[PDB]
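S.K.: In case you want the letters, here they are:
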Amino acid sequence: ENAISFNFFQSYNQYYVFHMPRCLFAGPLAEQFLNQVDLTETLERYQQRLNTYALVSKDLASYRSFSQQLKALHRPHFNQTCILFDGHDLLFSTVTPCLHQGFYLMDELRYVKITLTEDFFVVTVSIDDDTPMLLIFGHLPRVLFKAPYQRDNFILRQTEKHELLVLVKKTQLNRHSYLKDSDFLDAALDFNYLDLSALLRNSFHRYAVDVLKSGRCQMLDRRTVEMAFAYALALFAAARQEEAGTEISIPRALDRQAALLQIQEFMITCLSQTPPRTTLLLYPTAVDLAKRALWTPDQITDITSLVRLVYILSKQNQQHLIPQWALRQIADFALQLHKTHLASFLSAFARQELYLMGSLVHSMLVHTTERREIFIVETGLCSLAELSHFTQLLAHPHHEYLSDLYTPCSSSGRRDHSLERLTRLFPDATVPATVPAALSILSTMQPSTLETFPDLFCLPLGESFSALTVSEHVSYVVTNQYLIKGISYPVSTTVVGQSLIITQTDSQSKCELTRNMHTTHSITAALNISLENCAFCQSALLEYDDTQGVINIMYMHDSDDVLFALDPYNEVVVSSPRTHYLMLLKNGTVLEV
Amino acid sequence: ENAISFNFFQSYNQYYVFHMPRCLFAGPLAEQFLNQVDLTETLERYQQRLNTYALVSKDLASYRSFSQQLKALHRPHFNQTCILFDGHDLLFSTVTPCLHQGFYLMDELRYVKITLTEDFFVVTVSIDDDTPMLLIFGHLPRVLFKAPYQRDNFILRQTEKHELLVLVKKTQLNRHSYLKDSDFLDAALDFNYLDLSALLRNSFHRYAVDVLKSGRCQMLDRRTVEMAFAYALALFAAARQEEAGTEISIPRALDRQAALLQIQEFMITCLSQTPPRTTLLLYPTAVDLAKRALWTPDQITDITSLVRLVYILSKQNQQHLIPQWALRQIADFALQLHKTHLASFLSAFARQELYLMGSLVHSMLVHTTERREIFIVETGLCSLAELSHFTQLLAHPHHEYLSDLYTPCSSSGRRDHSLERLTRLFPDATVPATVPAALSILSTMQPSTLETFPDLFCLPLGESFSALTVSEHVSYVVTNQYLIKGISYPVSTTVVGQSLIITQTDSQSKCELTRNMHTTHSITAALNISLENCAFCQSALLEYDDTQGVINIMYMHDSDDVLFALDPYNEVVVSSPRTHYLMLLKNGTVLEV
Amino acid sequence: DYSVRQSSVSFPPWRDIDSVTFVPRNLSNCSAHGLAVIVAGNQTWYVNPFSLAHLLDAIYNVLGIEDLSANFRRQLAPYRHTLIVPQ
Amino acid sequence: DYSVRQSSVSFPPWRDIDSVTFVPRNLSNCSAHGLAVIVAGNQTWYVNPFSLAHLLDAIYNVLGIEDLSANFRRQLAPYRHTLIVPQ
Amino acid sequence: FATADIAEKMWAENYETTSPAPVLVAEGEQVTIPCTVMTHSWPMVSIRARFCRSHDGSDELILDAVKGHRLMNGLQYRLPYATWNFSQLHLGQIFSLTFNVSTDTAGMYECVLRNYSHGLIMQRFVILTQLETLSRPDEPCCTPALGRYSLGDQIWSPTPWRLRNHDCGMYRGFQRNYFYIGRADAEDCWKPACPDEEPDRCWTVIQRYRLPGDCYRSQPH
Amino acid sequence: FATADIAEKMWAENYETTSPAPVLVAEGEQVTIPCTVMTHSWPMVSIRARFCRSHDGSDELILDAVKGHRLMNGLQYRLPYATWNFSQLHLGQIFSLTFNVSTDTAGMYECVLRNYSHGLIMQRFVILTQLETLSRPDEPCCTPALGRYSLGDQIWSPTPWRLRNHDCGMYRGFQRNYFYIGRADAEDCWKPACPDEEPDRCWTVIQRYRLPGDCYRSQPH
Ligand SMILES: *[C@@H]1O[C@H](CO)[C@@H](O[C@@H]2O[C@H](CO)[C@@H](O[C@@H]3O[C@H](CO)[C@@H](O)[C@H](O)[C@@H]3O)[C@H](O)[C@H]2NC(C)=O)[C@H](O)[C@H]1NC(C)=O
Ligand SMILES: *[C@@H]1O[C@H](CO)[C@@H](O[C@@H]2O[C@H](CO)[C@@H](O[C@@H]3O[C@H](CO)[C@@H](O)[C@H](O)[C@@H]3O)[C@H](O)[C@H]2NC(C)=O)[C@H](O)[C@H]1NC(C)=O
Ligand SMILES: *[C@@H]1O[C@H](CO)[C@@H](O[C@@H]2O[C@H](CO)[C@@H](O)[C@H](O)[C@H]2NC(C)=O)[C@H](O)[C@H]1NC(C)=O
Ligand SMILES: *[C@@H]1O[C@H](CO)[C@@H](O[C@@H]2O[C@H](CO)[C@@H](O)[C@H](O)[C@H]2NC(C)=O)[C@H](O)[C@H]1NC(C)=O
Ligand SMILES: *[C@@H]1O[C@H](CO)[C@@H](O[C@@H]2O[C@H](CO)[C@@H](O)[C@H](O)[C@H]2NC(C)=O)[C@H](O)[C@H]1NC(C)=O
Ligand SMILES: *[C@@H]1O[C@H](CO)[C@@H](O[C@@H]2O[C@H](CO)[C@@H](O)[C@H](O)[C@H]2NC(C)=O)[C@H](O)[C@H]1NC(C)=O
Ligand SMILES: *[C@@H]1O[C@H](CO)[C@@H](O)[C@H](O)[C@H]1NC(C)=O
Ligand SMILES: *[C@@H]1O[C@H](CO)[C@@H](O)[C@H](O)[C@H]1NC(C)=O
Ligand SMILES: *[C@@H]1O[C@H](CO)[C@@H](O)[C@H](O)[C@H]1NC(C)=O
Ligand SMILES: *[C@@H]1O[C@H](CO)[C@@H](O)[C@H](O)[C@H]1NC(C)=O
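Chains as they are written, first to last, in our numbering: chain A, 1 to 593; chain B, 1 to 593; chain C, 1 to 87; chain D, 1 to 87; chain E, 1 to 221; chain F, 1 to 221.
Chain A with its partners taken away, still in its complex shape:
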C-alpha cells in the first residue's frame, strides 16, 4: 500500500506495472532534484539552450588527450559546505561538503571562486555579474547534466585519470578568447601533475614569475586564469598524496606545506581584497600532530625548519600553539641575518628565508615584542643597494621560483616609493627600460598588513608614509602629513609647501586618527654623542635630503652596528650640506646628527 506505480500499458485489457516502494523516494533529495527541471519543455527548447553554450570542437580548441604516469593521526575533513551549480542551466544543483574559497578583485564586476570536492573541483570565473564560465576537473559523475545532452562536446582536455569540462555562453567568447588557443594549460597538464614538488616548479611559479614581471596582477587575463587553475590543481594533488597515513619525514612535509601556503598567500595578495576566512586546508599531517610530534623530542635542530613550522602554524589559524621561546630564536636568526648582509643586497638564500619571516609577523597577534623586533629588521634591510640589486635582478630571465623575486622593500613598513627615488638612484641616467616601470608596481602592491599592531592599525593605507618599530615602547611614523595622534616633530620642507613630518608614539597605546596640530616639538641636535652602555643601541637613522624625497632609512641594533654606520668610509654617512642625518633613539628623543 501507498506505493507508486510505474506502468507502460501492456494492453487496454491490462497493463504491466512496477510497484516501487515510496520509501526509496522518502529522502528530500528526490524533490530538490525534480524542482530544478521543467518537464514540460519541448525538444525545441532544449535545442535552443544548447545553441547558446559554445562547444569544444566547434567553438573552442579541439579536444585532445594526455597520458602519463600520474604519481610523485586523524585525517582532515571538509568542515564547510556549499551549493554547487546553483540555478545553472545544464547541471543539477547539489549540496555537498566542499572547500569553497572566493577571490574578489579590485573591480567589483570581477571575481574568481575556487571550489573543491572529494574527487573533482570547480573553477568559477565571473565578469560583470553575468553567467560565469565554469572549469571542472576530476572524476565526473555519470548523471551530472540536467538533460540528456552529448557531453563529448564539453570535455576540453582529457588526462589519464581525469578530464576537463568547460561551460561558457557563446556570447562570452569575446572576452575569454584564450580558450580558442591550443596552448591553454598545456604546461600545467601535459606531465605527471601529481608530482607536487615538480608541479609547483613547472606550472604555478612559471605563471607567477611572468605575471609579476608583466604587472598583470589584479586584472582578469589569460595568465591569471591559468594561475588560478594551476593553484586549484595543486590543491587537488595535495589531497591525493597518500591520505591513508604513510610515515613521513617531517622536513619534507614542512617544505610541502610551506610551498602550498606560499602559493595561497601569493594568490590572496594577487587577486583578493582580503584573505579568505576558510583556511584549514587539508594536509598530510594535521598541524596539531606536527606540533606535538616535533616538540615531544625537540627534533627541531635547524632554524629554517623552525621558521617553516611557525609559518605553517600561523597561517593555519592556530596562533595559540606558538610558544614564546621559538619566536625569540626566530628573532635571533633575523638579527644574525641583519648583521650578515648589512647595507648590501640580500643573497638568494637570505631572500628566500626572510620572505617567510616577513610574511609571518603580519599574521599573528601574540608576542608583539618579538614581532616588532623582526618587523624593524625587515624594514631596515631596504638600503638603496638592495633596490639597485633588485632592479638588476628583474631583468634576469632565469627565475624558476617566485621567492627569488622577494625584497624587504616591498612588504615592510616603507610604503612611500615613487619613480623619482628609483630613477635618481642611477648615475648612468639609464635603467633597463622595463624595470623602472615594473618595480613601481611591484613595490606598490598592497599587502595592507599593519592591522596587527595596536598603535598603527588606524593608519590609512593610501597616503605615502614610513613606519618603524624601533623597540617595544617607542614607534616612529614618518609622513608628509600629520596622520595619527602623538608627538610630531616637523622637519625642513622637502619642497616648499610639503613637509617631512616625524611622528613619535608609544606602542602600548591604541592607534588614533588625529589630524590636528599638537605637540609640534622642535628637532634637537647633538654632535659629540655619548655611547655609555650603548644608549644609542636599537636606534634608526634617516638621511633627510632638503630638496627631494626622503631616502635610505637604516636601523642599528648594537653598538657595533652604529659604529659601522657612522664610519663614513662605509658610505653610510656622507655629510653633504644638502642632506641631513637624524637619529631616532630607543626612547622618544628625536635629534639631529
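Do not take every clue at face value.
Covered, in the sense of this in silico footprint (three residues per stretch, anywhere, with C-beta under 8 Å from a C-beta of chain F), are these stretches of chain E [what the hints assert, rightly or not]:
hint, region
1, 19 to 28
2, 81 to 94
3, 148 to 154
Cut-off 20 Å, straight-line C-alpha distance, at most; resulting in silico cross-link-like pairs (SDA-like, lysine to any residue) [said to hold, decoys possible]:
hint, chain 1, residue 1, chain 2, residue 2
4, E, 67, E, 97
5, A, 169, A, 45
6, E, 67, F, 159
7, E, 67, F, 158
8, A, 169, D, 86
9, A, 510, F, 173
10, B, 510, E, 139
11, E, 9, B, 127
12, F, 9, A, 130
13, B, 170, C, 85
14, A, 180, D, 5
15, A, 213, A, 397
16, B, 170, E, 5
17, A, 170, D, 86
18, F, 9, A, 171
19, B, 510, E, 5
20, B, 510, E, 142
21, B, 169, C, 85
FYI, nobody ran anything at the bench for these hints, they're computed from the structure.
Here a beta-carbon is modelled for each residue, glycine too, at the ideal position from N, C-alpha and C.
Chain A is fixed; fit chains B, C, D, E and F with the ligands onto it per the hints.
M.R.: Okay, now just chains B, C, D, E and F with the ligands, sitting in the frame of chain A:
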C-alpha cells in the same frame, strides 16, 4: 412643502416654528459657507485659536485713528478672479472678481502678493511658506470673521472712511517686528491720501528713495513692506478718482497714469523676478479712448505728452495701437537730447524724460529699427562724466522723486560695471564712503530686458558684457568671452589670460549660444580715415585700455558728432600709449584708429 | 455632548437636513445657556448654539436678509452671546 | 499536448502523485515515439517521455540503484532516445 | 491638538536629487502621489501640499508612523474627496494620496517625516496642467517635444501624444501660448479655461526646469 | 523567449545616490522590497537579484510595464513562495517583492527597467542577517550602536534593540564576532548557524558602508 423648519421648542406639547423656504438656500453660497467651519468644536478650541493670533493693543502698536478731508467711455472691470482667504482660520473664503498681482523675490521662500477689490484690498506677506501675515484696508464687511470674535482687537489703524485690519501668528513677531513700532505707516495714512498727486510725492517715492539708497531691494524688510502697502493704497486711490466719467484734461490723465505705471515698474524691478501678466490696470480713461480721442485731432503737439502716451499704451499691453510715425518722432527727440547733452552729465529734465524712453523700448516688439535707434542712444550717454555726476548726485538728500535718480548707465546695454572702474575714475583717491558701494548695486540691478531683440535674447544675463545696436543691419557685442555666434574679433588682453572680445552680428538673424572659436578675424587699422558722404556716421567708438577694464564707449550719429569726438580738445580722445581707440562702423568693419 | 464629526462631507448640507431645533437654558442644563439639534434622514446631530447662530447671521448678511431677519434674529438673540473676549 | 505548468510548486512532488504511465509509439501518434502521463488526486498531467526517463536515470544513479535497475531501465530503454546531438 | 504647523523645517540632502521633474497631466484624471520612507524613529509621517492657484501657507495630512491611522487632515477644504493610503511593509512604510487633478488642485506635494514640532522634507512632486510659452508676433508657432519621464530635469507628461496648445492674448508684445494635455473631450473640442494669474506660487520652481524642444519662456535670474 | 540576460547594463546617475544603505533584518521575518518608477517607455520592468551565499549570475522577475502581468520568473529555484505585486498610479507604477528572509535569501535586489535586450539599473537594496567583526584577543568585546535608518551610509536595522552577537572561532589571531538580530526564539536562546564562507558575493559592497560605534572590520583597498 420641502421647506426647512427652524424651531425653538415653545413647549413639549407644541413648538413654534419658522418655515423658511429652501429656495433661499438653493444657491451654492450656503454650501461653500458651511464647509469652512467645524460646527462641533467647543469654546475651548475657539479660545485656543485666538490665543495664537497677536492682538492690536496687547502685542502690536496700540490702536489710533486719523481724520482728514479725504479728497483730491466705458468704465473698466476686474477681468480676473481670485479666491480670497483660502483655508484661513479666522476668515471666510469667498470667490470674487479682483485684481490679483504677485511678487516673488530672489529668495524662493519669500513673496508679496497684492489683491484689490471694489471696496477693500489685501496685502499678503509670506515667509518660509508658513501662514502669511495679512494687511486689510478699506470698508470691511459685517460678517468677515468665521467665529464671533472681538474684531476690535485686530484693527490696527482707523481712518475717516476706512479701517486697517492686521492678522499674524504670534510666533511671527520675531520677524515682522516693525508692527510694534508706532511710526508704522504714519507717513502713508496721516493725510489726505486720496490726493494721488500729493500721495506719490509724500509716501511712495519717499520710501523708494530710501530703499534705493540703502540698497535694501530684493530683501523683505520694513521699508519694502511699507512700499508695497503704499503702492496698494495708491492703486486703491486711483479707482476712487471719479469713475463716474467726469471730463478730464488729457495731459493731466497722462501724467497720472504715467506716475502709476512708473510705480508699478519700479516695484516689478525691485521686488519681483518677472512682471505680472495681469496688467490692464483700471484707469480714469480707457487706453483705447485716450488713443482715439487724441489722434483724431492730433492734439498731442508736445513731445513729452507723446512719449507719455506711448509709454501708457505699451505698458497696458496694447502694442498693436502704436503707429510708426510717433515712434519716429520719439527717436528724433532722443537724437535731439543726444546732441544737447553730449559727453556731459544729464540735466534733471533730461534724466526724467529719458527715463520713460529707456523703459519704453524694452517693452515692445514692433518697430525694431526705431527701438534700436533709441537703445543705442540710451547706451551712448553713459560717459564717465555721467558716472561722476551720478556719484555726486547719490549723496544729495534733496531727492523728492524717484525719477531724478535714473541714469542711462543702469538699464542700457552696458552691464559690466565693477568697483574698479568706479574707483579709478577719481584722482582724489577718495569717494564719499557710502556712494561707491551704493552705485555698484544700483547699476547692477537686473532688468534683464535684452529679450526684446531677436539677435540678443540668447545672451546670458550673468556674465559681464556690452551691447550696441549701432544700426538696423549690424549689432556689436563686446565681451570678455565668446558668448554668442557671429564674427568675433579678438583684441589685446586686458590681463594675461583675459581678453577683450568683440563680436559682430547681423540683427536680422536669430541668435544661438555658440561658445566655439570661429571667424576669429584680426583687427584692421586706418589713420587718414575717409569721411565721404559720412561713411563713418552712425558709428560707435571705444577706447580700449590694455592693462585694465574697458571704459567709456561713445556713439556718434552724424558727421558733426564724430568731428567733435575726434577733436582731442574736447578730451574725448587722449591718445595715450596704454589706451587704444577703435571704430565700429555701420557695416561689419572693426578697425583701429 | 456633540455628535462627533470625522469628515465634513459626512456632515449634511442644506440639501439633506429637514429641521433645526433649539432649546434655551430654561430647560437645558448645559453651561452654554442652551443647545441646538438638527435632523437628517436617520441621522440627528448635536451642535453648539453660538457658532451656529453666528453662521446664520453671516449667511443672512451675505444674502442681505437683514430686512426680513428682524423676528428671526431677535429669536436667535439668546444664543448669539458668548462673544469671545480675548481671555 | 502537455499540461502547462505555470509554477513549480503547482507541479506535484512524489508525495502526491500515485501512478506514472507510458505509451510507446506502437499506439501513440506523437513524433516522440511515445507519451507519458501521471496521476494526481486532483488532476492528471501530460509529460514528455525522454526528459522523464533522463530524470529517472539520474535519480537511480544518485541513489546507486543500478544493481536493481536492470529490468526497469531496460523497460525505459525505448524512451531514453533523442539524445541531443548539437544540431 | 496633535501638532501645529512645522516650527523648524529641514531638508534631506537627497531632496533636490530625488524630486521628480514637473509633470503635465490632463485635467479630470486620477493621479496618486507615491512615496517610500525607510523605517524611521519619527512618530508621524505626513504629506504636505502647496496648491499653485490662489493659496498660501501649507496644509498637512498626518498619519501615524506605524499603524497607518489618520490623526489630522488639513487637505479637506481643497480635497474633499481625496483618499489616502498606508501599507505597512516591514522594511519600510509606504503611503499615498489620490485625487482628481484639475485647475484648483495642481501644486507641489512633499512627503514629510514629522513629530510634534519638527519636520524633515524628503521628496517633492510638482503637478501642472497648463504651461506658459511666449511667441514672437510673426514667428511661426513653436513645437515642443514632450515625452515620457526619461530622466533629468526635462518637464514630461505620461501621455505626451495628447498635447495641445492655445493662445490667451498678448504680453509685452509677445503672444502667450499655453500647453496642456487634452483628449478629455473628443478630438480638439476641449479647450481649458484661460489661466487667471501668472506668475503663481509655482512659477519659481517650474521655470528652473528645461522644456525639450525650441521655445522661449521668461526665466528666473 | 520573452528576453535573455541583460547584455547592455546601464546605471542611472541616482543609482548610488538613492540606494538605501545595507539593512540588518532578523531571520524569519517577512521583508518586502518596495520600488517606485516613473511612467516610462520601457515595455518591461523587472526585479534583479543576487543572493550572497553560494550564488553566481543573476535571476530576474519580469513584469509587463503597464498591466502588471508576469512574463518570466527566474527567482523560482531560490524563492518558491515569493509573491510579487503591481499597483498602477497613473503618474507612475509601483511593484514589490515579498518573501521570508533567511540565510539563503540575503543579497542585493535591484529594480531594473527592461526591454528585450537592454536594461537600466535604478536602485539597489542590500539585505543582511549576519555581519562580521573582529576583536583582539584581550580587548573587551565591542559594542556597536545600531539604530533605525536615520540617514547616510550607516548600516541600520529596523529592530536594533533585538541585536545579539556570537563568536565563530579565530582568524589570523583575531576573534571573529558576528552581529545579528535575534528574538526569533525566546530571549538569548536563539543562535544563528555559523556562516560557511567569507568573504562572499556581497562582501565588496557591504564593507564600503560604516558601522556606527567602535568596531574593526577588514575593509577593501
Ligand atoms: C522631533 O524630532 C527632533 C529630531 O531632531 C527632536 O530634536 C532633537 O532633540 C534631541 C534631544 O536629545 C537632540 O539631540 C541632542 O542634540 C544636541 C545637538 O547634538 C546635543 O544635546 C546632543 O548631541 C543630541 O544630539 C537633537 O539634536 C534634536 N534635533 C535637532 C535637529 O535639533 C525634537 O525634540 C523632536 N520633538 C519632540 C517634541 O520630541
Ligand atoms: C531597448 O531600449 C534601448 C533604449 O536605448 C534601445 O536602444 C536605443 O535604440 C535607439 C534606436 O533609435 C537609439 O536611438 C538613437 O541612437 C543613436 C545615438 O544617439 C542616434 O541614431 C540617435 O540620436 C538616437 O538616439 C538609442 O541610442 C539606443 N540606446 C542606446 C543606449 O544604445 C534598444 O534598441 C531597445 N531594444 C529593442 C529590442 O528595441
Ligand atoms: C632618552 O635617552 C637619552 C639618552 O642619552 C636621554 O638623554 C639625556 O637628555 C637629558 C636632557 O633631556 C640630558 O640632560 C642628559 O644628559 C642626557 N643623558 C645622557 C646620558 O646623555 C634623554 O633625556 C632621554 N629622553 C627621554 C624623554 O627620556
Ligand atoms: C564698410 O564700409 C567701408 C566704407 O569705407 C568699406 O571700406 C572699404 O574697405 C575696403 C577694404 O575692405 C577698401 O578697399 C575700400 O577702399 C573701402 N572703401 C571706401 C569707400 O573707403 C568697407 O569695406 C565696408 N565693409 C564691408 C564688410 O562691407
Ligand atoms: C476678459 O477676459 C475674457 C475671458 O474670456 C476675454 O475674452 C476672451 O478673449 C480671448 C482673447 O484674449 C478670446 O480668444 C476669447 O474668445 C474671449 N472669450 C470670450 C468669451 O469672448 C476678454 O478678452 C478679456 N477682456 C479684456 C479687456 O482683457
Ligand atoms: C568544524 O565546524 C564546527 C561547526 O560546529 C565547529 O564546531 C563548533 O566550534 C565552535 C568554535 O569554533 C564552537 O563554539 C561550537 O560549539 C562548535 N560546535 C559543535 C557542535 O561542537 C568545529 O570546531 C569545526 N572544526 C574545525 C576543525 O574547524
Ligand atoms: C474622479 O474621477 C474618476 C475617474 O477618473 C471618477 O470616477 C470619479 O467620480 C471622479 N470624482 C471623484 C470625487 O473622485
Ligand atoms: C489603497 O489603494 C488600493 C489600490 O491601490 C485600494 O484598493 C485601497 O482601498 C486603498 N486604501 C484605502 C484605505 O483607501
Ligand atoms: C513566512 O513567514 C510568515 C510569518 O512572517 C509565515 O506565516 C509563513 O508561513 C512563512 N512561510 C512562507 C512560505 O511565507
Ligand atoms: C499585494 O500586496 C497586498 C498587501 O500590500 C496584498 O493584499 C495583495 O494580495 C498583493 N497582491 C498580490 C497579487 O499578491
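S.K.: Hint by hint, note whether the structure agrees.
M.R.: Each hint, compared with the structure:
Taking a C-beta to C-beta cut-off of 8 Å, the region 19 to 28 of chain E contributes 3 residues in contact with chain F, enough for the three needed, and the coverage statement holds. Under the rule that three or more residues need a Cβ within less than 8 Å of chain F, the assignment of the region 81 to 94 of chain E holds, with 5 such residues. Restraint check on the region 148 to 154 of chain E versus chain F: 4 residues with Cβ-Cβ distances below 8 Å, three needed, restraint holds. Proposed proximity of residue 67 of chain E and residue 97 of chain E is supported: the alpha carbons are some 17 Å apart, at most 20 Å.
Annotation: proposed proximity of residue 169 of chain A to residue 45 of chain A holds, straight-line Cα distance about 16 Å (limit 20 Å). Distance hint between residue 67 of chain E and residue 159 of chain F is fulfilled; the C-alpha atoms sit about 16 Å from each other, no more than 20 Å. Using a Cα cut-off of 20 Å, the hinted pair residue 67 of chain E and residue 158 of chain F holds, with the two alpha carbons roughly 15 Å apart. This hinted pair checks out: residue 169 of chain A and residue 86 of chain D have alpha carbons roughly 15 Å apart, not beyond 20 Å.
As the CA atoms of residue 510 of chain A and residue 173 of chain F are separated by approximately 18 Å, the hinted pair is consistent with the 20 Å bound. A distance of roughly 11 Å separates the Cα atoms of residue 510 of chain B and residue 139 of chain E; the hinted pair therefore holds under the 20 Å criterion. Proximity of residue 9 of chain E to residue 127 of chain B is assessed by CA-CA distance (about 13 Å); at most 20 Å being required, the pair is judged to hold. Distance check on the hinted pair: residue 9 of chain F and residue 130 of chain A sit about 10 Å apart at the alpha-carbon level, within 20 Å; holds.
Taken as a hint, the residue 170 of chain B and residue 85 of chain C pair is honoured in the structure, with Cα atoms around 17 Å apart against an allowance of 20 Å. Annotation: proposed proximity of residue 180 of chain A to residue 5 of chain D is violated, straight-line Cα distance about 40 Å (limit 20 Å). For the given pair, residue 213 of chain A sits about 10 Å from residue 397 of chain A by alpha-carbon distance, which is consistent with the 20 Å threshold. The straight-line distance between the Cα atoms of residue 170 of chain B and residue 5 of chain E is roughly 13 Å, inside the 20 Å bound, and the hint therefore holds.
Between the alpha carbons of residue 170 of chain A and residue 86 of chain D the distance comes to roughly 14 Å, so the proposed pair stays at or under 20 Å and holds. Restraint check for residue 9 of chain F and residue 171 of chain A: satisfied, since their Cα atoms lie roughly 15 Å apart, inside the 20 Å limit. For a cut-off of 20 Å, the pair hint linking residue 510 of chain B to residue 5 of chain E is broken: about 50 Å separates their Cα positions. Our distance criterion of 20 Å between C-alpha atoms is met by residue 510 of chain B and residue 142 of chain E, whose separation comes to about 14 Å.
Note on residue 169 of chain B and residue 85 of chain C: the hinted pairing holds, with a Cα-Cα distance of about 18 Å set against a maximum of 20 Å.
Hints 14 and 19 from the earlier list are contradicted by this structure; the remaining hints agree with it.
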